[PDB]
Amino acid sequence: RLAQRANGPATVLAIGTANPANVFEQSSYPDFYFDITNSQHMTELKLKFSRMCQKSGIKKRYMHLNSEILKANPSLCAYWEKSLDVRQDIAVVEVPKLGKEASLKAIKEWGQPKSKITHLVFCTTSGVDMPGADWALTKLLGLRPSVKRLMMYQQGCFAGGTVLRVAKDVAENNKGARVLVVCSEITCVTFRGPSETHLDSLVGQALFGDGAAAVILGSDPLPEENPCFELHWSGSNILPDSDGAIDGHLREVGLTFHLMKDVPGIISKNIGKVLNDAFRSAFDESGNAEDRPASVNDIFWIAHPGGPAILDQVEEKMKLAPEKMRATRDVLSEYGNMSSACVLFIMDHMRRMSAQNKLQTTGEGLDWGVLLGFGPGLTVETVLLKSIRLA
Amino acid sequence: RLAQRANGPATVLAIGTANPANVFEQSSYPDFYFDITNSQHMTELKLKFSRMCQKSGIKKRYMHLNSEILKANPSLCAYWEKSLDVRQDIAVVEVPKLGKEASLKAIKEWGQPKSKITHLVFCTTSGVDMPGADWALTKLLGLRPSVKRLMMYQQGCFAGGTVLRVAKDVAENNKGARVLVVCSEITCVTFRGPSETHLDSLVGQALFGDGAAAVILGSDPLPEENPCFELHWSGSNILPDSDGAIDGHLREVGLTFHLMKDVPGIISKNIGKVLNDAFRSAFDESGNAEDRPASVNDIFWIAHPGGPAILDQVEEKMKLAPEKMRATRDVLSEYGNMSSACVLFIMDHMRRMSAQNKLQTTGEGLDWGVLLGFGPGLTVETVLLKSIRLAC
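Line by line, the protein sequences give chains B and A. Numbering of the first sequence is given in PDB author numbering, commencing with residue 14 and proceeding in unit increments. Numbering of the second sequence is given in PDB author numbering, commencing with residue 14 and proceeding in unit increments.
Bear in mind the hints are in silico, worked out from the structure with no lab data behind them. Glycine included, every Cβ here is placed at the ideal spot set by N, Cα and C. Do not rely on the hints blindly, as some may be mistaken.
As the list claims (entries may be wrong) - Facing chain B, according to a computed beta carbon distance under 8 Å, are these residues of chain A, among others: (1) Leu117; (2) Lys121; (3) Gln125; (4) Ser128; (5) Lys129; (6) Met143; (7) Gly169; (8) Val183; (9) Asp254; (10) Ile401.
As the list claims (entries may be wrong) - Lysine to any residue pairs mimicking SDA-like chemistry, simulated, CA-CA at most 25 Å apart: (11) B:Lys72 with B:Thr203; (12) A:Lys61 with A:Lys73; (13) B:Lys95 with A:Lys399; (14) A:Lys61 with A:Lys286; (15) A:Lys399 with B:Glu237; (16) B:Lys95 with A:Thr210; (17) A:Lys152 with B:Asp256; (18) A:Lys84 with B:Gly124; (19) B:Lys95 with A:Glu94; (20) B:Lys68 with B:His362; (21) A:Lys188 with B:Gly248; (22) B:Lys95 with A:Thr203; (23) B:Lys188 with A:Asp290; (24) B:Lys95 with B:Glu209; (25) A:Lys188 with B:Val287; (26) A:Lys188 with B:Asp290; (27) A:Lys121 with A:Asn239; (28) B:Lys286 with A:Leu288; (29) A:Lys118 with A:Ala404; (30) A:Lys152 with B:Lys72; (31) B:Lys188 with B:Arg18; (32) A:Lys72 with A:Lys95; (33) B:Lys68 with B:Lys95; (34) B:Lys274 with A:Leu117; (35) A:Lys274 with B:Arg157; (36) A:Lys113 with A:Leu60; (37) B:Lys113 with B:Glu237; (38) B:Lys286 with A:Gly155; (39) A:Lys95 with B:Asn86; (40) B:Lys95 with A:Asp98.
Just chain B, same shape as in the assembly:
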């Protein structure tokens, strides 16, 4: 061919993460949030929010927004106010900044020159600009000017799966390709003051946090590179009877989510079939039936923690051992819902805990695993993973 292809499976060769420096402990967030938005007098609504925070599964989050910025930009503190211009101004610089920070850590781990990066996949649901955040990152890092970019704006919470699905084909179909994959998510586009008329917004204020994660992906690893996971199969599903379950509109008041169905119920009702169909396709239909794991407790799990009820209902319906959701719940606890970045943070946490506890593989000692993104559609993104053996 005029462009050669790679031989082996796309492999994760490094993972780096970054967060803003301002930490918000969840136990004191209702006070902070109702104070800074001049809403301290809304006693009933504040109690409702306190209960939301107490039930969130979150201990702390990191956010770029803090008191000084919010005081200087009162349209962000209002409960429903035209404010997109300010939100855009913040997002168009902070999203690639946080992405740069994560990327530098990934590249340092990887240990290869940044000039060897041939492709970039950048994902965010925080703002849009032309050129996009992919271009900004390319400039900030000094990547080769011929880097081949895939800019994925406004997809929401499932896109941690999406970027891996997309990057798999890039890595596998291009000999020598090394793909930088970045998810960077920040809450400046959704932050607003509290009101009873915008309760979906209020739920987001209990859950969403800031973070970026960067992966180096490539097929046919060099001896100097260090695999930690392989991508082996990907799929997408729009779940039945889920129209309008999660909508998000970018308006002059900022990004506004509207949820209209029982998201945990829909996900947990259908996830068994999603997984059976995925593993049947990956193993049975490819002539590798013998290698198919015997149950969902015999694989490792990386699930998007959109809220704790999703995790709880999936665990119950699928009869998961109590440890299956542990790595996922740890990231929810320590960072909150960072949208697309969560599953990459969880992947990093899992490989690090597996090494720390002297397990046999990067996937909690198990060979195969599933990574799941959940978001608007209602879309489930599924990626089947293989672990890498540890000393």
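With chain B held as given, fit chain A onto it using these hints.
Only chain A this time, still in chain B's reference frame:
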């Protein structure tokens, strides 16, 4: 790797196009535009705009916006009024609708059941929403609910190249994959009234039009399918010294472009090296030096017609024969600048004219060609195409 890959090059198997029903003749557009925006008193600015339209290379455009919609939505007619909410309301419906019309035509040509579409790549710079226009189109067409989607928002005018670059890997790395690739672009996010204080906006009012194009792409064509082009190589380049050349910001007043450098100058100064490096990589560095075309006049050309000066200056600097740009200029003339969709309309026009005129291949009788997208960066997207031989 638990998932089989395809063997041959990604192949275009069908192309369908659509446009809104309202036709705007360019000769009368200054009149329409200054009338509907209540700017008739701006006689000097109208004279300027008339000259812009006379120099645009455009005979007509199609737009969803019309007098009825603009009268119903006066914030669109003002020169700088907050109006993004209205623009979004229009775009989130019209973008997938136009994409559906184009896709149905592509699928009819293709002749296979729509259930065989495994992947969807959807590209627009007109609005954003969650779920996206990809999801909306999936619902409108009744595609399989397990369709694997790649939603590309807000990239601008180079993205006709981008979607082919991206879809190439999808089709080639997945045995049996059939990819619906859709570019759907409309002017409701950029339309605004005239001002001496927003001339970049005014150039866009002379050039941008509405349209969607849909391509079916797949490797290893079946006997019942009909190849018309193959994708063989792709590249991207951020051109030197081009920061700020084309910026676009989505604001409460809608989408606003700001051009801070000489776009035709930058593209024409650098395109020789882009093309030389592309053909060197594709042929020489892959062990196929002997099949590399001898000159730029020995390949067919599909260039994004961002404006007529880009085409003129590339033609001059590259010493192209006068008809190399004809297919491109024809689409600019008949439809205007439909952003990412243009190069796909040009691909369709080229295969159709080649057949009509009984030429030996779909690429004006030539074997190899280049497709070029131009946009913010300044980014050039390059795709190297092989034509398909015709029977006559």
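We went through each hint and held it up to the structure:
1. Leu117: This interface hint is violated because 20 Å lies over the 8 Å limit.
2. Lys121: violated (24 Å)
3. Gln125: violated (21 Å)
4. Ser128: violated (15 Å)
5. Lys129: violated (16 Å)
6. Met143: With a closest approach of 3 Å, the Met143 (chain A) hint holds.
7. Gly169: holds (5 Å)
8. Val183: At about 5 Å, which falls below the 8 Å cut-off, the nearest Cβ of chain B leaves the hint on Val183 (chain A) intact, so it holds.
9. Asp254: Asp254 (chain A) check fails; min Cβ-Cβ to chain B is 11 Å, beyond 8 Å.
10. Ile401: With a closest approach of 16 Å, the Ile401 (chain A) hint is violated.
11. B:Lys72 with B:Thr203: holds (20 Å)
12. A:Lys61 with A:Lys73: Cα-Cα ~19 Å, so holds.
13. B:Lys95 with A:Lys399: violated (50 Å)
14. A:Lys61 with A:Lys286: violated (36 Å)
15. A:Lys399 with B:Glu237: violated (38 Å)
16. B:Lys95 with A:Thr210: It holds: about 24 Å lies between the C-alpha atoms, which stays within 25 Å.
17. A:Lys152 with B:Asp256: holds (10 Å)
18. A:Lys84 with B:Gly124: violated (60 Å)
19. B:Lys95 with A:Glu94: holds (13 Å)
20. B:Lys68 with B:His362: holds (23 Å)
21. A:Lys188 with B:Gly248: holds (14 Å)
22. B:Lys95 with A:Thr203: Holds: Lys95 (chain B) and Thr203 (chain A) sit about 20 Å apart, inside 25 Å.
23. B:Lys188 with A:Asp290: Roughly 18 Å between the alpha carbons, so the hint for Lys188 (chain B) and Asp290 (chain A) holds.
24. B:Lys95 with B:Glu209: Answer holds: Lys95 (chain B) to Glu209 (chain B) is near 18 Å, not above 25 Å.
25. A:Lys188 with B:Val287: Roughly 21 Å between the alpha carbons, so the hint for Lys188 (chain A) and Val287 (chain B) holds.
26. A:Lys188 with B:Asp290: holds (18 Å)
27. A:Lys121 with A:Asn239: OK: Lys121 (chain A) and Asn239 (chain A) at ~12 Å, within 25 Å.
28. B:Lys286 with A:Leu288: violated (49 Å)
29. A:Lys118 with A:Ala404: At roughly 23 Å apart (the allowed maximum being 25 Å), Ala404 (chain A) and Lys118 (chain A) satisfy the hint.
30. A:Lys152 with B:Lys72: This hinted pair is violated, its Cα atoms lying about 39 Å apart.
31. B:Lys188 with B:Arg18: holds (5 Å)
32. A:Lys72 with A:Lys95: violated (31 Å)
33. B:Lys68 with B:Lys95: violated (30 Å)
34. B:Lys274 with A:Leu117: Distance ~31 Å between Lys274 (chain B) and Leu117 (chain A) Cα, so the pair is violated.
35. A:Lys274 with B:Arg157: holds (22 Å)
36. A:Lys113 with A:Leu60: violated (39 Å)
37. B:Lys113 with B:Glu237: holds (23 Å)
38. B:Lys286 with A:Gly155: Satisfied, since the Cα-Cα distance of roughly 21 Å is no more than 25 Å.
39. A:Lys95 with B:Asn86: holds (19 Å)
40. B:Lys95 with A:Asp98: holds (11 Å)
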